[PDB]
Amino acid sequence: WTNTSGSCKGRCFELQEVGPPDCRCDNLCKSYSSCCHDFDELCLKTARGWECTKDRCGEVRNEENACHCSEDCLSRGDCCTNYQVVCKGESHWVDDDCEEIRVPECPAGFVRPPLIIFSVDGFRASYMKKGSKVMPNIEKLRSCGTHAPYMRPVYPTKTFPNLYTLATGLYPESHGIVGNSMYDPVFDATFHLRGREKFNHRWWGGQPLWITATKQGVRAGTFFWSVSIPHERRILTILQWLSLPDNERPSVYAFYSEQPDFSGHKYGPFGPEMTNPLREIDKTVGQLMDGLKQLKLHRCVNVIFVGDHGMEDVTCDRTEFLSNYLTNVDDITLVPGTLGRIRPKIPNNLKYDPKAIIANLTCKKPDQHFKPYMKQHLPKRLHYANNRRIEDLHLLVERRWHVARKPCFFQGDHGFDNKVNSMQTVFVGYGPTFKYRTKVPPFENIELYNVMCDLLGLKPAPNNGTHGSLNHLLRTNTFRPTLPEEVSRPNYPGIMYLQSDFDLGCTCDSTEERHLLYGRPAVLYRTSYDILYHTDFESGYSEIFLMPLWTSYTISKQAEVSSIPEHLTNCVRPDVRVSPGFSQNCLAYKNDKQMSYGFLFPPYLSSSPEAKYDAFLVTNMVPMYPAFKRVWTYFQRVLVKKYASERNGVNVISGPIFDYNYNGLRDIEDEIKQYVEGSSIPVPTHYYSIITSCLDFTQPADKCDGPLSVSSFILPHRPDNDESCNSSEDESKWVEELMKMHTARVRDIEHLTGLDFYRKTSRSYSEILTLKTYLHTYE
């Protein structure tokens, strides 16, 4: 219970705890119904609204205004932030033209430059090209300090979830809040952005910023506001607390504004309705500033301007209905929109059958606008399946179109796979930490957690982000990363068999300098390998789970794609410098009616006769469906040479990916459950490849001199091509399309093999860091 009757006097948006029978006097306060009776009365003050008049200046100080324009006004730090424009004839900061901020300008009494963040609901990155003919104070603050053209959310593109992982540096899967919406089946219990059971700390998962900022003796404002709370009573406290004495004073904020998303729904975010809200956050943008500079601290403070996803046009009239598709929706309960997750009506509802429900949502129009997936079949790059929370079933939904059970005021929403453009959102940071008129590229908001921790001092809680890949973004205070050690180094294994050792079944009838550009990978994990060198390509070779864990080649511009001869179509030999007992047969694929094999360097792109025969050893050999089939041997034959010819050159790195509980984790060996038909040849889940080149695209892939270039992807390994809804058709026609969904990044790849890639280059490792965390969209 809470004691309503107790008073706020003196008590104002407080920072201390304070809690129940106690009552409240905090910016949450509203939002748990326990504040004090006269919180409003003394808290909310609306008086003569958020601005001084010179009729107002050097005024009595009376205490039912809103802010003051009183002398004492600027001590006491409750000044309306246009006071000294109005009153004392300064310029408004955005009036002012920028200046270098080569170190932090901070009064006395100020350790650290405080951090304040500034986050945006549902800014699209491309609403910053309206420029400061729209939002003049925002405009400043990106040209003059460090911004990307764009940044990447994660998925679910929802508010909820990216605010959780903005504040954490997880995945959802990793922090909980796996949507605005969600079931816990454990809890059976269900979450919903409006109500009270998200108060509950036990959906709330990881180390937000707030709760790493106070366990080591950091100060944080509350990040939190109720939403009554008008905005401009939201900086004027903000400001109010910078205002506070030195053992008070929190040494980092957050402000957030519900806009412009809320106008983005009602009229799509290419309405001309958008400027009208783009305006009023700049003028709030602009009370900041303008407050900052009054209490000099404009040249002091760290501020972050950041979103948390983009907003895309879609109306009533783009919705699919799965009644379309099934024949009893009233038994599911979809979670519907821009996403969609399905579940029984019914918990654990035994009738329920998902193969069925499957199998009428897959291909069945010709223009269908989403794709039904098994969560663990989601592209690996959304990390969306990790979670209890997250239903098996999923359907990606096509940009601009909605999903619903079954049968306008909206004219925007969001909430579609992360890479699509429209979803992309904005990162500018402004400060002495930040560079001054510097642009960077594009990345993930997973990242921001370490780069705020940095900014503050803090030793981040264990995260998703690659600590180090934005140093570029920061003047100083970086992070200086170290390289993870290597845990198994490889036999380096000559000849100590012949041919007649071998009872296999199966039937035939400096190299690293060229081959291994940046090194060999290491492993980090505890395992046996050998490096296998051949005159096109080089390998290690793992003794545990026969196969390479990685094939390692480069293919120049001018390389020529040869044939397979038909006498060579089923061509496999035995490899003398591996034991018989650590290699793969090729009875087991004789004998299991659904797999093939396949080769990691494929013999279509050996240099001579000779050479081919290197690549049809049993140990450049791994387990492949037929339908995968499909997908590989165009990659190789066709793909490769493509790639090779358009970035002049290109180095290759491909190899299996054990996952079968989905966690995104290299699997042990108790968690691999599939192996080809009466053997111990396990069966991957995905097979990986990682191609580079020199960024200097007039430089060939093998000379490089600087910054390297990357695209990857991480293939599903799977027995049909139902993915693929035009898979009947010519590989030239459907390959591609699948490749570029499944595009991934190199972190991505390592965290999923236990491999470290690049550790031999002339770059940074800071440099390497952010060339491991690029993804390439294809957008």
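Positions refer to the first chain, counted from 1. For the two forms, the rigid core is made up of the largest set of C-alpha atoms that agree within 1.5 Å on superposition. First, how it differs from the form deposited in another entry.
- In a rigid core superposition between these two forms, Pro347 is the single residue of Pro580, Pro626, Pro347, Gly519 whose Cα is displaced by 2 Å or more.
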Second form
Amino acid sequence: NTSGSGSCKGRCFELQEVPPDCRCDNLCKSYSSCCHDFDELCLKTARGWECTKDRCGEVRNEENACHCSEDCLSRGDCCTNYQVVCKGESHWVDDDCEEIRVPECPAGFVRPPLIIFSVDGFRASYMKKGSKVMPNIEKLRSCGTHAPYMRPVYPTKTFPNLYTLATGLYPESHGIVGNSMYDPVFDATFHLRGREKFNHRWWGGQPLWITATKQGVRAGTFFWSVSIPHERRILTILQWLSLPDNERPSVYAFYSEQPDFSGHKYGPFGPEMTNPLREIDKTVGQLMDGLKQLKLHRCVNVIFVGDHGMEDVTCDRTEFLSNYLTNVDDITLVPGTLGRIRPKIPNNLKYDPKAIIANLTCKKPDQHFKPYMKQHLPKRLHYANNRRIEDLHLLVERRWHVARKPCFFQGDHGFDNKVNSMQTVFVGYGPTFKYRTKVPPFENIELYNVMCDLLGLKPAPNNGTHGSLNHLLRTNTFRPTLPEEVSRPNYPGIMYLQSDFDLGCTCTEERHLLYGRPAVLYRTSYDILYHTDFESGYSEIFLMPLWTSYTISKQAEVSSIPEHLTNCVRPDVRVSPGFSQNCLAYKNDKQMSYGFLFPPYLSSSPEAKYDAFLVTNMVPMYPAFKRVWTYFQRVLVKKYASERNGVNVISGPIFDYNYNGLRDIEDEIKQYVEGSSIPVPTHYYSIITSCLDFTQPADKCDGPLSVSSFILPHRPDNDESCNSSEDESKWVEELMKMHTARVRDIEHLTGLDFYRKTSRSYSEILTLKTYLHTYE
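Next, report the structure of the form deposited in another entry; the form deposited in one PDB entry has already been given.
Partners and other molecules have been left off, which leaves just the chain.
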């Protein structure tokens, strides 16, 4: 027919591409193009997967799944336990750890092979079960390189996280934004069940196997048809490692759907969680026993990685949109541990997203979801820049579900990736990995760079920070390089006259720039301005500081903005009026007010406070945002300075009007103060750095640093905070925790490079820039 039927004799699980002729590969069943003898020749199950005493030295029966004869080592098809049963050897788990300082690979191996062992729904807390349940896995964790947990990407669903690992891209970037999704361009829907998921048009970016392929590294067939058992896949990977030098792949992948399947049906803390965990460990033991049989246990690099965790979710904790909305039949909702709303039909003139958002906003005192326009989602989630992401998004609180209209499950996932239950596992074992080393938790977007390094691959452009995980590897082939500055700063003097201004208003480096001047990595003209208490880089294009740096010691006296100085704004004689803002625009804008990047409340002396009221320290701020900002400046900064023995703060604006996580150009800026060229930031950031050894002051730190950061949305109302009518001590801190950010996120949104002049390696700094303070 279209395929036909030849013989799979000597072709079982071939890697060669073969369609005119009949196939014998891992996915031949999936296309119904196998040969008549494929099942009988390749999918053998007779007598199981383990050797026994009776089978030692047996006469070779080809019917058996694996063999226990003397020849099986030469012919390459013993069972994984042949040597321990029939030759008195030991399981790999029973052997003590021995540090693999150099790869002990057979001749013909140019590089250590990489085997990626991925598991679905593996909570990091499962490793607390330890050697009791998973001895093989614990040995990999103990004698290898391991993190306490690895942060997944949002949403914490299976395929978005699996592909993020393969690409190093955020789901908005590689295109798999959920297990269920609708692409308006395709007019088609992607689902966990169906053929549309196999269409490659959905899968963007460059996955690892393509990156290896385009650079001459042989990738084994990673993906298996469902009907092939796990044990057969393990024996096949071992057989591939025994292939001749001109065919042996360098990178291998094993994926297991457990313990995710059981976790959904039993709950993450269920007593029969143990059985799937043991079964996974037994599969790992078969791999390690087999690698030891092939003398590859001290040659291969093994990665044990998960995609997400699992949380207690039952139908008794389900929110229904029908208790909020009157048009549930006019909408389409992606349900579950997350919510995405869409009109059921286009041309429905009775569909208003504004009315839907309002009717979902703080309508119940314990409302277990929060509506969001995707552009207002916390920037750490990086979930806006895709046509497959609906404008209306619902962030569901942990342990809860959202449906459209009113259990067989006790567990589910998909929540905010900072939720502790969604954290998953990472283990690195092999010659290139470190021995008995614990590394701090990291995000799964960084693994693509490491896997490329472990294969000598040049990474495709991705959202990992290359070099941020060099501390995982005994041998690092990537040396990070500081980006070069593009725009150098003007250091202007006192060059203008206060009479030359038509403002319309009325009325250091050793201490405040502790980690070096941020580098402007884009072409602009900006001025570095010095003051007693703060230093800034003032942009002449955007009429405000790009960054503002100041240090607050543990011993600091808070002050109030004086009543006479409340509305004081002063011209800066170092900046021209044409490159300055004006207070008339703020008066002529009914909705926009102004704030100050360096807080006047924290001025050192009454004379120094006059600098805090300079026009060059002024930024546009909604009255709603000013409530958040003023509490942060008047209360929170000193509190942080008291807890952390002083803090250095870098604050400034962020413009991202197309919600792509990147720095806006002037053309992409779409709002300005009324009758003015002053741009309105979409967000405001701050970077709060101190000495990790808090017995040292922030301005006199010797070793590693500690950082916390946020990116607050700049919004005209506080509808995000349901308790905003109360005092700021009751809601402001909670809002800031939800919008915590890595310094790296700020760098993308500002085009600035931080921590350039410090006393640690660039690799250590890159790890600091990727840190996310979770408060969880």
